[PDB]
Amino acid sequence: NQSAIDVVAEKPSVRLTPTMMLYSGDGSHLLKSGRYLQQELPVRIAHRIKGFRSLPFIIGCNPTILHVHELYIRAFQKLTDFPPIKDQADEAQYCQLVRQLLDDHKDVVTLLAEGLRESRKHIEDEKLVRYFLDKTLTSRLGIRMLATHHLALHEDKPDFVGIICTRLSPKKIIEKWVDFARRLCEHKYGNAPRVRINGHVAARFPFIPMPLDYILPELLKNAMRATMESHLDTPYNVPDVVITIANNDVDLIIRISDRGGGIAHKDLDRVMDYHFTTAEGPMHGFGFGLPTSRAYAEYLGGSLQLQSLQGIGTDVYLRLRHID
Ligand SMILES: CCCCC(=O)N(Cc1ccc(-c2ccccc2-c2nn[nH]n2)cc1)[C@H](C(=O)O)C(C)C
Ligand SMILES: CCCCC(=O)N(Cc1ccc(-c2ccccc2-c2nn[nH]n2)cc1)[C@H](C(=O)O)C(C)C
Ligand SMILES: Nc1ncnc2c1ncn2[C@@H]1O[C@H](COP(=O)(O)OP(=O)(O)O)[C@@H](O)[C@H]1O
C-alpha cells in the first residue's frame, strides 16, 4: 500500500492531440515535452495499478496477476525516483531511462490473459475479462505511443515528426503486410490468395502507422486463412482477397473482403472475445486478433466492423479518424 501511487491514481490523463504534436516539429520545445513525459508516465502507470487494486480479491490473488501488479509498482517506483527536468541535459537523461523501461521484460499481456484464464472459475461478470484486457491493451498502446514518440522527436527520419508519418500511403503499408502475409500463407498451403487493392490507391495523409502494424497483418492473416481453409479441395485455385481504400475529410476506410466462407452464426457472438479461435506486447494468435484490433481502432477514434455472409465470405471494415 504505497502513498505515491494514491496521489496520482485518480489524476486525469493529459493527452496531447496529434495535431499539436505535428506543430512541435526545437530545443525549447523538446524541454517542454520532455518535462511532460516524465510527469505523465507515472500517472498512466498508477491508473493501471488502480485497475489491479479494483479487481475482486480472489482474482487479484492469482500469482500471475499478482506478479504483473508488482511489475507495474516497480515501474512506477523507477519513473518517480528520477528528479524533475530543469534543462535540455535533464531531458536527455530521462530519454535513456524511458528506452530501458520500454524494452524491459515478461510480455505482460501474455501473463495477464493467462492469469485471467486460470481465474475463470471465479469470474461472475461476463464482461470483466473483455473490459480489463481492452483497458490494459489501449493503456499500454497509449504508454508506447507517448514514450516512442518523444524518443523519435530527437531523431530525424524523412516524412516523420516523431512517430507520426506526415505522408502515409495506406496502399504502401497494406502492400508491405500483404507480402509478409502471402509468404507465410504460401509456406503453409503451397499457395496464397492474391490481394487486389482498389479505390483511393493514391491517397496520402498524416497518420500514425504503429497500430496498423498490428491490425493489418492480423486481418490479412484472418482473410487469407479463411480463404485457404474454405478451398482446401482446390488449394491452387482460390479467390482473391479484395481491399478497398476510401479516403474522405473525416476518416480513412479500409475494407477487406474475402470469399472465405464467412464467420458462422454460432461463432459470431464469440469472435470478439479474447481467446476465441477456430485455429489449431499483444500476441498475434490465440484469439487475440479481433478484440485487440477493435480496441486499437476505437482508441484511435475509429472502429472495426464485421459483416458476415455465411457460406460466401466476410467484409471487414477498419475505419480510422484523420488527424487534421
Ligand atoms: C479528433 C482527434 C483524434 C485524435 C485521436 O486519435 N485521439 C486519441 C489519441 C490521442 C493521442 C494519441 C497519441 C499520439 C502520438 C503519441 C502519443 C499519443 C498519446 N496517447 N496517449 N497519450 N498520448 C493517440 C490517440 C483523440 C484525442 O484524444 O485527441 C480521441 C478523443 C479520440
Ligand atoms: C517508459 C516505459 C513505461 C512503461 C513500462 O515500463 N511498462 C509498460 C510498457 C512497456 C512496453 C511497451 C511496449 C513497447 C514496445 C513495443 C510494444 C509495447 C507494448 N506492450 N504492450 N502493448 N504494447 C508498452 C508499455 C511496463 C512493462 O510492461 O514492462 C509495465 C510493467 C508498467
Ligand atoms: N475473415 C474471416 N473469415 C472467417 N472467419 C474469420 C474471419 N476473421 C476471423 N474469423 C474467425 O474469428 C476467429 C477469431 O479471430 P482472431 O481474433 O483474429 O483470432 P485468431 O486469428 O488467433 O484465430 C478466427 O479463429 C476465425 O474463426
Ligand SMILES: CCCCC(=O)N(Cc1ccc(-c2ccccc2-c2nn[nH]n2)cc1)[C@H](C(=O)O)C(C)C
Second form
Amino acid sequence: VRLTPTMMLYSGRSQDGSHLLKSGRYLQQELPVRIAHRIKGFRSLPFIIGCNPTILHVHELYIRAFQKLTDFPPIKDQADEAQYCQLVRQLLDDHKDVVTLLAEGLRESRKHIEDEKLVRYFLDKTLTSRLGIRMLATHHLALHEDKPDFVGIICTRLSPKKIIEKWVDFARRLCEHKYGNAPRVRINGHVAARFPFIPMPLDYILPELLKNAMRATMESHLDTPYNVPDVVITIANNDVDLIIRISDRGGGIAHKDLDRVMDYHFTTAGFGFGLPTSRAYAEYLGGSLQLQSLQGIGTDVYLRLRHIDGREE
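For comparison with the form solved in complex with the named molecule, kindly provide the form deposited without the named molecule.
The text that comes after this line covers the one chain and nothing more.
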C-alpha cells in the first residue's frame, strides 16, 4: 500500500472482494474533501478572473462534482461500490477538459490582477490536486480489472526504457507529421532496470518533454530537416530515485527566455503548459524537473521521480 503525499494506493488483498469496499470507502470519503478544497480555490481567485465565463464553467463542474459525490450514500456492499465506480467514471469524463478550459479562461484574465505569482500558485495547486485525484480514482477502478504486472495503476515491474519508448514513437509521429521528419532517440544508462512504479505521471511528463525536445531540434535545423541531431535519454536508477535525462541538440533555451519557460502560458510557439505542468507534477510526487541550457547547442532536461516507498532497482 504505497502513498504520496496524504493519499494512498491500496495493495488489493482480493478474495471476498473485501478490498474493493475498503478502497471504495476510502475513495468515497476523500474525493469530496479534496473537491471542497478546490472549491475554496475558486472562491478566493481574483474577482475579475473568477468572473470569466469558462472559469465559472469549471467552477460549476467542481461544485457539481462535490454534490454528486456528497449525495452518494455510504458504501455498504458491492452493489454500492459498483455503482460508485459508475459515478467516479462519469466525473472523470466530465472533467477531462478541465485543464484546457482553465488554460483558456485564464489566459486573458490573469493579465489583470495585482499578484502575478498568484495565478501560478493556483494553477500549481489545482492541477496537482487533480492529478492526485485522478490517480486515486483510476487506481480504485483499476483494482477491478486484472492486467499483468499491475495492482491497480501500480505496475509491479515497470521498464523505464519501455515506457520511454512508448512516448518516443508517439512524439516522433506527432513531429514527423509536422516537419516531414523527427529526430531519432537513443536511450542509455540503466536500460534494463525494472521496478515497481506508477506510469501515470510518466505518461504525462515524458510526452511533454519529448515534444519540447523534438520541436526544438526541428525549428533549429530548418535547412536539413531530413537530417537532424539525435535526442539522447539517459536512465539512472538508484535506491532513492529514478532519474531520466533528456538531452537535445536543438539550440538551447535563450537567455532571454530562461525565466519564463516555467511560467504557465509562456511559449515561443501549444499553450505553454508542458514545463510548468510537468514540474508541478514532479514536485507534487516528491521529485523535480530541472533544465540545463547550453545556448547555441541544446538543452538538457532532468526528470527526477522518487521510488515507490522502497529503494527500487
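Numbering follows the first chain given and starts at 1. Here, rigid core means the biggest group of C-alpha atoms that superpose within 1.5 Å across both forms.
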Q) Quick one: with the rigid core lined up, which of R120, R167, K127, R196 moves its CA 2 Å or more between these two forms? A) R120
